[PDB]
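**Q** Each chain, letter by letter, is given below.
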Amino acid sequence: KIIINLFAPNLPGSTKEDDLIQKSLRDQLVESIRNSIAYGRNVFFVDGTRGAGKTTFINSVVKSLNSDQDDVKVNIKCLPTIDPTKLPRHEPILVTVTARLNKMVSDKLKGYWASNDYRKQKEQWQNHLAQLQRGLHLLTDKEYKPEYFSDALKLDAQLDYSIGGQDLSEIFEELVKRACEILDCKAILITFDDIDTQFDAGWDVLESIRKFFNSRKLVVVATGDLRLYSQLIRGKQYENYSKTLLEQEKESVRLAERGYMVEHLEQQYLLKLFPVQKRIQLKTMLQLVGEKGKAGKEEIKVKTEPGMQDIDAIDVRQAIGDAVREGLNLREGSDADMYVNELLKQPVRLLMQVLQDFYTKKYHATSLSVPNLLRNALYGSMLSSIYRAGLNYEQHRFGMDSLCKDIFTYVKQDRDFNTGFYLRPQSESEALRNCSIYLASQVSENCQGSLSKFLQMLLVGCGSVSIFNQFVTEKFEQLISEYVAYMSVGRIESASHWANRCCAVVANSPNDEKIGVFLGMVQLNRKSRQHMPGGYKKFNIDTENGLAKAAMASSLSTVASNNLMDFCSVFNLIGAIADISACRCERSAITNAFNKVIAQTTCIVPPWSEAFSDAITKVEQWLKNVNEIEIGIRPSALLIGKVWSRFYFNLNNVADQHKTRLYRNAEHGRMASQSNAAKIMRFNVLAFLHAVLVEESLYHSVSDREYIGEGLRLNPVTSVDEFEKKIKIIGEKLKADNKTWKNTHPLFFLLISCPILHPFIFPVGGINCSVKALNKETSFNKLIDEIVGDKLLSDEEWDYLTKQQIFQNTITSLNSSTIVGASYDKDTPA
Amino acid sequence: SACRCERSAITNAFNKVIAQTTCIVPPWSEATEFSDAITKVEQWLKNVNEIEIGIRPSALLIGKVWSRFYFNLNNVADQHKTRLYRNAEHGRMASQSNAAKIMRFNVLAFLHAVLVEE
Ligand SMILES: Nc1ncnc2c1ncn2[C@@H]1O[C@H](COP(=O)(O)OP(=O)(O)OP(=O)(O)O)[C@@H](O)[C@H]1O
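So the protein sequences, as listed, match chains U and R. Using my numbering, the first residue of the first sequence is number 1, and each one after it goes up by one. Using my numbering, the first residue of the second sequence is number 1001, and each one after it goes up by one.
It is possible that part of the hints are untrue.
Unchecked claim - BS3-like, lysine-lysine: derived pairs with alpha carbons at most 27 Å apart:
hint, chain 1, residue 1, chain 2, residue 2
1, U, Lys361, U, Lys303
2, U, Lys120, U, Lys154
3, U, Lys1, U, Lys63
4, U, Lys361, U, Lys624
5, R, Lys1101, R, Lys1081
6, R, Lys1016, U, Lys739
7, U, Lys361, U, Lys618
8, U, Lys733, R, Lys1101
9, R, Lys1016, U, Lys292
10, U, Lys618, U, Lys453
11, U, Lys742, U, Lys624
12, R, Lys1016, U, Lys733
13, U, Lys63, U, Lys23
14, U, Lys728, R, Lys1016
15, U, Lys292, R, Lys1040
16, U, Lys624, U, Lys776
17, U, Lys453, U, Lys742
18, U, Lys217, U, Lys537
19, U, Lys728, U, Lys803
20, U, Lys294, U, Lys283
21, R, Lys1040, U, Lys725
22, U, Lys217, U, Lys122
23, U, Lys211, U, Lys154
24, U, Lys361, U, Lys1
25, U, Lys23, U, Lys303
26, U, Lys16, U, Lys1
27, R, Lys1046, U, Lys292
28, U, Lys725, R, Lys1046
29, R, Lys1016, U, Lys735
30, U, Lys294, R, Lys1081
31, U, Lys272, U, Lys177
32, U, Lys86, U, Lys103
33, U, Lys345, U, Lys16
Just so you know, these hints were derived from the structure itself, not from any lab.
Based on the provided sequences and hints, a complete structural model is requested.
**A** If you want it as structure tokens, here you go:
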């Protein structure tokens, strides 16, 4: 069968039978050639984009035809294939054809046995050759001369030409007729190679075909791309127009009619050289192997490691499949197959080199890092798309600071700020679709087994795209230039720095009635307002005693302006876990790492504005299990996109529902219809936990079967039931195979034991408790207890929130804190 | 309708549409119970591969079916808008249009548009 050997050279001249992919067209084209002679210009065309295998295809037809010339009644002799790009820049195609035709005639005359016949045929052959030579100047002249007139009137020729004068077509027509008699063939096959290397040379081929190869004894088969031929023919019809006419008739009404004529000039020029019934299109691998199932009459296999037989080959869809699936850390489904179908649409030359590079590097490793292996192949084939788009070419600059830069520019050219961070190859241009998988390999390799810096993709790489789309808005390019520089895109030193910076960006937005509850953050008040009712006092920082003191310390993000304002956000919590996990494995280093995130970090308003010893022992316990599980994390590129998509949507749901529940008195209470400054931030970390948990069950590589069930994807807003039920269902499903939880949700498993997020999940006044909601909370705690090994809060610690010691396992002061822009006038209803 | 014929891939498209996809404003502007439910979904999918195989769809009818559908909604949104009266809930009468009377006459729109130009 058709088996591709990636260690065979795979060259047009190195292809043998059972290696040809277009075996059907090689068979089909041959009889159509013979039938056109067995029964005027007779020209066949083989269309296909560059890299489809046109040169490999065109030699096979010549090779097959020469094999059994004698057996068939009609005899066809084939010239050696002519490559117009390799010929001299000024050598006419008529000279090249005659020189190759002369060789076959000369070699056949030396095979003659009768001296009487050899002398007669050779004399007639050189008679025609001497007349082409006498007329070759007509092909190449810068001017005419009256001395040529005596040659045109030179009718004293022994041979007969029907047309008077010095006609090059008649001389070549009789020369071909003579060559057919000498070679004893019914027709001669002139074969042309691709012009895609340099399509300016294709005009000489096209002009020679119509001017000279009009004989009934000539068959012409040409290859190339009809678009490239079209771009070449159209450019010559413009040269037929008077140059001065093109500026004096520059009106759009007349310009739209010159283009109409040239389109008609171009339309029939193609139709008269290459008849549609004589055309043959080279099909791509996606049109050969098809989708799952048969989906195609041609089956193609491939060899992956040397020492193969024919039995142990692999389907090319599978070979591109496993390479994409294992390389990009994907799992079987639409996403892992959408990429494969994108590679099957690429040219075969590009497809083979991606396949060949991968499976020769892979065999080197066995004498692993499959994402390193694939990214080597993908990077090495998409340079032109990578360069044109504006990506990074340096392997030393394979850093996530630049990876955020390209993503912002990738979606800027993609103009898709909603799904552009997905990196799916759905881009309009193939150049952007080629970069999509390359960028996908960057996320699947650089962020491979790195629980720290993958959130920087979620927080800077894909996060900044969402923030730029809504709250921000050539001057637009200059405006983009201001945002990309000020926001520190490409200059990222810490995730919290971006988190600090974005709090000053998402704040600048018009909100209904001007309530300082923005997307994912609450604008805490740095002042004190009179007549503040209830047990809700000013935001006190000293009241936070213990671990909970550092929880909001990172969360607070002061902004320097004419009126300084502070924000507590979930991004700073996301910034903390990224930077804290970006440290060593020693207690001394992690202690030296906390000061970076708990210190008073502060950013500045953008110009485009008109305005804990015991904790560290638990922190290292988290990191004691991080490295045991961090090395097993294989996150797909779209997995960060899928997780962030739910995250960005959850914050809008939370910032909308909770904003209108900041009533006057008794907001903690018992009802869920009233919220406080800590209730909003309670679900923000819960949203992040939910966003990580949901899509990771669906779209992670280390977890094959989904563990949510066929339920509904409702995000927790104002209620913890949504987050509770999914974990409850998870335990039952894992019991069937006795599966663990550390490897089922490694991103979520290690986001549960994080001591930074522990205070923010159970605020004292930010909690929603009720008699019917306690049945949800009694399951909210019965599941997290088992997965970790103990309970984050004891019975007395947990019971205090539901219904007198101040403890650091929960927030203490943010619950009563006021929010800027929230006037406490209307009391809570019931 | 663009799915497999087994019992597994049906849920893949089924559960996909359950989640309300995120959507942001375009920049051009100024600013159990499902185990047997999927069987009925697969029951209709057992038909999509059983009837339309012998259809002969032209390209004129697709626009014709859509054009009838498009114009029909332009009348529903013009007449049901004023019929949001005080007692429009549970619209046993005709002029009492609830959020379902404005909705029910949008799915019969698809059924009607695939019969006039069918
Ligand atoms: N039948 C085939 N079997 C195996 N590999 C093939 C086949 N056809 C094409 N290829 C692969 O695709 C590459 C491109 O093929 P080829 O050079 O013949 O086509 P082309 O790019 O259209 O031609 P040209 O070199 O004239 O521009 C080959 O080098 C080879 O790697």
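**Q** When the structure is checked against the list of hints, which entries are broken? Sort them ascending.
**A** 4, 7, 8, 16, 18, 28, 30
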